[PDB]
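**Q** Kindly produce the complete structure, drawing on both the sequences and the hints.
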Amino acid sequence: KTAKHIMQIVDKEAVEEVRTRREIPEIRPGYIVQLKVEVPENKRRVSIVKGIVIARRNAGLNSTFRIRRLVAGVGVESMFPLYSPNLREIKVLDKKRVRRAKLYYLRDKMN
Amino acid sequence: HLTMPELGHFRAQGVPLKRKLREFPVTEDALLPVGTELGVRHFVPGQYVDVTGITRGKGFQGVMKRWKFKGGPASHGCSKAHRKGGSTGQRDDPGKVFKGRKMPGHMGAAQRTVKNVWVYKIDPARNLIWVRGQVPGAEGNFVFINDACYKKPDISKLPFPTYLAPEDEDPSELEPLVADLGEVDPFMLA
Amino acid sequence: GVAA
Amino acid sequence: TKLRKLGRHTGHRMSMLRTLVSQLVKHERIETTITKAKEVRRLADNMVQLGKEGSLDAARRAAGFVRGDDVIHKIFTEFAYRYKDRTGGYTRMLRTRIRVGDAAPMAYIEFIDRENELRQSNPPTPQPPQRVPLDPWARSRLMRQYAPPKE
Amino acid sequence: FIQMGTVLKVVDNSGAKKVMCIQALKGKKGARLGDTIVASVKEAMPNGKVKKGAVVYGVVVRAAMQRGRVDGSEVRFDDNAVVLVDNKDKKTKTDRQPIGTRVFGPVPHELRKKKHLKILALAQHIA
Amino acid sequence: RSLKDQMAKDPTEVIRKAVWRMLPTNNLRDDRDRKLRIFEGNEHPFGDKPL
Amino acid sequence: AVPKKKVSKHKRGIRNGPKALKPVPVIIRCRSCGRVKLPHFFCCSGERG
RNA sequence: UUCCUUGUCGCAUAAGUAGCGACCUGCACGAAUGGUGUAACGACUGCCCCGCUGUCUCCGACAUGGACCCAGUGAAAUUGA
RNA sequence: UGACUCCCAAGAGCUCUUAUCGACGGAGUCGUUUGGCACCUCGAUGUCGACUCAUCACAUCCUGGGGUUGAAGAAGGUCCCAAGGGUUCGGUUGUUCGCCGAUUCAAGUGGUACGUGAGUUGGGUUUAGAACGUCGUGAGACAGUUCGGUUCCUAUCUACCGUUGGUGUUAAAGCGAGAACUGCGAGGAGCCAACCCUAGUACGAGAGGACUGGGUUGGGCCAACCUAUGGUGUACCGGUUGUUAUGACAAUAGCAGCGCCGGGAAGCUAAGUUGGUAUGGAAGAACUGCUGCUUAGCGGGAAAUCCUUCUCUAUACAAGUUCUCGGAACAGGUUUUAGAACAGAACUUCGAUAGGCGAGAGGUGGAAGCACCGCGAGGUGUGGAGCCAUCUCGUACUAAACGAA
Ligand SMILES: O=C(N[C@H](CO)[C@H](O)c1ccc([N+](=O)[O-])cc1)C(Cl)Cl
Ligand SMILES: [K+]
Ligand SMILES: [K+]
Ligand SMILES: [K+]
Ligand SMILES: [K+]
Ligand SMILES: [K+]
Ligand SMILES: [K+]
Ligand SMILES: [K+]
Ligand SMILES: [K+]
Ligand SMILES: [K+]
Ligand SMILES: [K+]
Ligand SMILES: [K+]
Ligand SMILES: [K+]
Ligand SMILES: [Mg+2]
Ligand SMILES: [Mg+2]
Ligand SMILES: [Mg+2]
Ligand SMILES: [Mg+2]
Ligand SMILES: [Mg+2]
Ligand SMILES: [Mg+2]
Ligand SMILES: [Mg+2]
Ligand SMILES: [Mg+2]
Ligand SMILES: [Mg+2]
Ligand SMILES: [Mg+2]
Ligand SMILES: [Mg+2]
Ligand SMILES: [Mg+2]
Ligand SMILES: [Mg+2]
Ligand SMILES: [Mg+2]
Ligand SMILES: [Mg+2]
Ligand SMILES: [Mg+2]
Ligand SMILES: [Mg+2]
Ligand SMILES: [Mg+2]
Ligand SMILES: [Mg+2]
Ligand SMILES: [Mg+2]
Ligand SMILES: [Mg+2]
Ligand SMILES: [Mg+2]
Ligand SMILES: [Mg+2]
Ligand SMILES: [Mg+2]
Ligand SMILES: [Mg+2]
Ligand SMILES: [Mg+2]
Ligand SMILES: [Mg+2]
Ligand SMILES: [Mg+2]
Ligand SMILES: [Mg+2]
Ligand SMILES: [Mg+2]
Ligand SMILES: [Mg+2]
Ligand SMILES: [Mg+2]
Ligand SMILES: [Mg+2]
Ligand SMILES: [Mg+2]
Ligand SMILES: [Mg+2]
Ligand SMILES: [Mg+2]
Ligand SMILES: [Mg+2]
Ligand SMILES: [Mg+2]
Ligand SMILES: [Mg+2]
Ligand SMILES: [Mg+2]
Ligand SMILES: [Mg+2]
Ligand SMILES: [Mg+2]
Ligand SMILES: [Mg+2]
Ligand SMILES: [Mg+2]
Ligand SMILES: [Mg+2]
Ligand SMILES: [Mg+2]
Ligand SMILES: [Mg+2]
Ligand SMILES: [Mg+2]
Ligand SMILES: [Zn+2]
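Chains as they are written, first to last, in my numbering: chain A, 1 to 111; chain B, 1 to 190; chain C, 1 to 4; chain D, 1 to 151; chain E, 1 to 127; chain F, 1 to 51; chain G, 1 to 49.
Worth double-checking, as some hints may not be accurate.
Under 7 Å between C-beta atoms, here's a sample of chain B residues computed to sit facing chain D [said to hold, decoys possible]: (1) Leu7; (2) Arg11; (3) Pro16; (4) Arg126; (5) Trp130.
Hints in this document: simulated from the structure, not taken from any laboratory. Think of the CB as a built atom: it goes at the ideal place given N, C-alpha and C, for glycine as much as any other residue.
**A** Below, the structure is given as structure tokens:
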């Protein structure tokens with residue numbers, strides 16, 4: 001019990017420390033987002049990713065979210081840690097109405 | 001919480017009552033008097049340590065979980081021998097089962113040591129240490145940390161026999177120390 | 001032959 | 001919480017628990033096996049909490065669990081008046097004997113703070129408000145102590 | 001995992017359109033994204049550099065199994081797709097010449113680490 | 001293990017093994033083995049006994 | 001599989017040795033109702049119940 | 001129905017002692033102990049393709065009944081010591 | 001008979017017997033081939049191949065160290081030393097064997113009842129049915145072909161894998177217990193490839209192309225972990241079909257063996273993530289050199305041997321050491337990170353061990369009631385609403401010493 005309490009204190013402090021340095025908006029399923037992603041494996045290459053949020057998970061500093069987009073005719077799904085420092089800029093463009101929290105039916109739905 | 005012999009042992013040694021005890025072999029020049037308080041600054045960030053603990057228990061387990069056996073097929077006629085071990089020896093010379101034969105039994109909850117595990121960060125205000133990777137044991141249990149034998153640390157940098165903290169010290173002014181990674185970027189020289 |  | 005299976009599948013287990021809680025409310029004290037009582041006490045406290053809330057949604061949620069009209073009326077009037085100032089723990093479970101026939105350890109389970117109860121219970125005390133806890137390190141600094149002088 | 005019996009789409013102009021995988025070059029369970037596979041041509045264009053029935057090499061540029069990165073990100077496509085390279089010179093176990101001249105669709109970031117630099121150069125969309 | 005390594009490691013075990021396999025094989029063997037005290041040097045504790 | 005030989009009285013007694021019963025260390029009796037019981041067993045509640 | 005024999009050639013496969021079509025050198029086919037075909041039919045015996053899948057790569061989690069433990073009742077083959 | 005080794009050396013190798021080979025002839029070793037005998041078993045020793053699980057020998061397939069070459073370098077040939085670790089996936093075939101395809105550092109040869117059916121299978125052979133070819137007057141026959149055809153057993157003893165209970169180890173209370181150790185001894189781990197620098201250097205006419213030394217990335221194997229990812233998540237959240245009940249509305253409950261769909265925290269798990277695949281010392285195999293002068297002494301020397309790193313171990317009977325207690329240790333109850341029972345570990349009232357209660361995190365996705373729009377199915381607001389499988393914190397209300405025991 002004391003160990004889990006220590007872990008929760010550590011996670012709260014890490015999240016609060018990141019939030020005073022970067023501006024990270026609230027991301028929900030059904031949102032349209034556009035973000036700037038730097039890949040350190042490919043010589044720190046910076047690109048722009050635009051998509052629709054189909055899944056989200058709140059896990060403290062290790063919160064995650066999923067993006068499904070169509071690139072060159074082919075659908076690509078990418079998952080990003082929310083507080084990852086390689087997310088330079090995050091913007092929200094549109095908020096589509098959904099009745100689910102996970103939108104995995106978009107893989108088989110034609111549009 | 002303690003039985004009477006342990007209460008007497010602590011009262012005779014003149015130390016406050018503790019929960020877990022361990023004994024570490026040292027040399028003659030590395031002894032410390034009774035009552036010395038040891039901190040996280042005993043270790044330097046950037047070095048490698050060895051962690052020893054009691055691993056997680058799995059209970060009575062079979063051969064396919066214990067020793068990664070293959071077992072038998074799930075179809076094609078096999079009858080009541082899907083996850084069993086198969087043969088346990090040859091016939092008549094030797095006429096016996098050899099010692100050390102792999103068989104089902106109690107799994108885990110034994111003591112294991114993880115070598116060359118890296119000290120990333122040190123928080124001396126709270127006496128916390130961030131060590132990269134996994135450590136054997138359950139959460140809420142005790143582990144024992146020594147120096148690594150494989151990647152031996154630098155002699156001139158370790159505090160000997162330990163880090164003697166000044167008595168005029170306050171936890172308000174202590175900032176957590178991160179292990180230095182250098183300056184040359186790994187991801188750019190690729 | 002032989003058969004069990 | 002460890003949830004017991006009691007040798008039954010889901011529908012049989014939940015129907016037996018609902019019948020047991022209804023009989024406990026109806027008779028105010030029942031004798032059953034210790035393992036059944038250890039599962040009954042949680043739901044028997046949950047129904048009393050629903051009756052203490054006493055809203056329409058609580059009435060619907062309690063009528064979706066217990067059986068009988070005497071039971072639902074008793075929970076929503078008499079127990080709401082009786083356990084109004086008590087925080088939790090409305091039931092008392094005491095081991096009594098060993099059953100002839102299968103050596104099952106048996107136990108009384110009853111509602112507390114009434115006439116003809118097994119023990120005189122403590123008076124209902126309001127809980128003090130929430131206190132901001134100390135850090136584990138600040139508590140470990142205060143937890144240090146020496147052996148008492150007797151030897 | 002891409003293994004024996006996988007059918008993969010071909011995304012260059014080498015003249016073949018579908019291949020059947022034989023094995024992966026390195027790895028026991030199969031091929032992940034960016035890995036090199038040996039395949040046999042199951043269907044091909046009437047005019048092209050590769051005919052039906054040939055044994056070819058390929059580099060997996062799209063795979064339906066998710067792949068993790070060093071920051072904790074994952075990437076997952078929808079189908080499996082390879083770009084064929086030459087195998088007549090078996091002395092080079094490094095970056096190969098692609099057979100074709102154009103690469104269609106998205107290409108992953110792993111090719112720099114796997115040293116598929118010519119495929120990465122001939123790529124157009126990298127995702 | 002060779003005799004050279006045995007003499008480098010522990011020399012009294014050589015004499016103990018030599019005597020043990022000339023003693024008869026029965027239940028008195030360890031009782032008679034308990035009376036054989038072998039010393040590497042020339043100093044022994046039994047100085048006050050009638051040697 | 002069948003037993004190869006008959007189990008003798010010596011082996012039967014050695015097997016049944018550790019399974020014999022043992023006495024109970026603590027026994028409580030209520031002074032009013034006179035019931036002999038183990039610890040943590042409820043028999044009587046006192047007066048003015 | 002062919003021992004030599006995984007005969008030789010073609011189709012098909014990355015690779016086919018299998019399968020299909022040929023050839024004739026038929027150890028040891030052959031015309032009501034019927035010869036050659038044949039639409040429909042077959043829980044008959046082979047071969048190939050699509051869809052589908054824990055059959056497999058490579059196994060994992062969960063759920064009911066035994067196995068485990070306590071209280072009653074209480075067998076079996078076997079047995080020179 | 002077979003396999004392997006050795007002796008002689010006509011001859012081949014431009015010259016040159018013995019780098020590589022070797023005619024005519026001989027001497028052996030092994031117990032794997034084909035055989036010989038009929039000694040055990042016919043009041044039963046279940047026979048081929050496959051699966052699972054292995055283990056030994058070395059006459060070595062790869063990796064390691066060397067001598068010689070008809071060895072410039074690279075790639076080799078042959079012989080000696082070496083058993084530490086390995087030795088692939090598929091097509092036809094019942095196949096062993098073998099052929100083929102794609103790989104690999106390599107895809108070794110044999111023994112263990114041609115290992116292994118009270119561990120699995122049952123395709124072949126080898127019962128009874130039926131057919132073809134051939135033989136026989138015929139009943140029938142054919143290591144000629146083809147289709148079909150019951151695989152039993154609850155483990156007493158030895159062996160092995162795990163877990164416990166008793167007991168010897170004088171002590172001074174006929175002494176009884178709690179911790180912390182040392183390690184006689186035993187077990188485990190032992191791999192390899194590609195690329196880059198040294199270096200386009202050595203060598204070589206050129207084409208080609210190193211030894212040694214140091215990094216990087218992968219594959220195989222082994223030990224652990226659950227932060228994140230994925231799977232499951234049967235007393236969580238929602239949607240919905242058939243029917244029955246609460247008279248109907250409203251809201252629910254049972255059953256369709258989670259009714260069926262979409263998500264799901266903890267826990268478990270790999271398909272995920274980490275850690276190893278070392279260092280130092282001693283003695284030394286083939287080989288290699290030094291002193292001496294016939295006997296020898298000495299130095300260098302491998303993935304091999306023994307200590308060192310990891311795990312167990314004082315029933316280690318020469319039975320070990322240190323600290324402590326004497327209403328001590330146990331037992332009983334509430335539990336758990338532990339678990340078949342047992343054992344371990346936490347708490348046992350001057351107490352947060354479990355339940356309840358309150359607050360928060362997390363999951364689901366917008367409750368009921370009311371109001372507005374629409375004829376209606378329905379839509380919008382109050383409102384990130386309502387609910388609860390888990391996790392944390394606060395709190396003795398209930399059960400643990402309510403033991404005036
Ligand atoms: O007769 C049988 N076995 C005998 C003795 O039991 C013996 O084992 C045996 C086995 C196989 C065999 N054969 O394959 O020709 C001959 C005898 C079996 Cl039929 Cl049980
Ligand atoms: K014929
Ligand atoms: K006819
Ligand atoms: K039929
Ligand atoms: K016989
Ligand atoms: K070699
Ligand atoms: K050589
Ligand atoms: K068998
Ligand atoms: K047998
Ligand atoms: K025996
Ligand atoms: K999970
Ligand atoms: K439901
Ligand atoms: K039914
Ligand atoms: Mg397998
Ligand atoms: Mg399997
Ligand atoms: Mg089955
Ligand atoms: Mg059966
Ligand atoms: Mg945990
Ligand atoms: Mg039962
Ligand atoms: Mg049901
Ligand atoms: Mg002795
Ligand atoms: Mg034939
Ligand atoms: Mg062919
Ligand atoms: Mg066939
Ligand atoms: Mg034909
Ligand atoms: Mg006729
Ligand atoms: Mg005829
Ligand atoms: Mg006819
Ligand atoms: Mg049993
Ligand atoms: Mg005779
Ligand atoms: Mg007999
Ligand atoms: Mg028999
Ligand atoms: Mg040899
Ligand atoms: Mg050379
Ligand atoms: Mg071997
Ligand atoms: Mg096929
Ligand atoms: Mg085969
Ligand atoms: Mg055999
Ligand atoms: Mg064998
Ligand atoms: Mg057998
Ligand atoms: Mg069986
Ligand atoms: Mg058969
Ligand atoms: Mg047959
Ligand atoms: Mg069987
Ligand atoms: Mg030892
Ligand atoms: Mg594992
Ligand atoms: Mg997890
Ligand atoms: Mg988690
Ligand atoms: Mg998940
Ligand atoms: Mg209605
Ligand atoms: Mg019903
Ligand atoms: Mg579901
Ligand atoms: Mg799911
Ligand atoms: Mg020498
Ligand atoms: Mg040496
Ligand atoms: Mg002892
Ligand atoms: Mg106790
Ligand atoms: Mg227990
Ligand atoms: Mg509590
Ligand atoms: Mg939330
Ligand atoms: Mg609702
Ligand atoms: Zn009484």
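**Q** Against this structure, judge whether each hint is valid.
**A** How the hints compare with the structure:
1. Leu7: 6 Å, holds
2. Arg11: Where the cut-off is 7 Å and the nearest Cβ of chain D is about 4 Å from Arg11/B, the hint holds.
3. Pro16: At about 5 Å, which falls below the 7 Å cut-off, the nearest Cβ of chain D leaves the hint on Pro16/B intact, so it holds.
4. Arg126: OK, holds: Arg126/B within 7 Å of chain D, min 5 Å.
5. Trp130: 16 Å, violated
In summary, the one numbered hint that this structure violates is 5.
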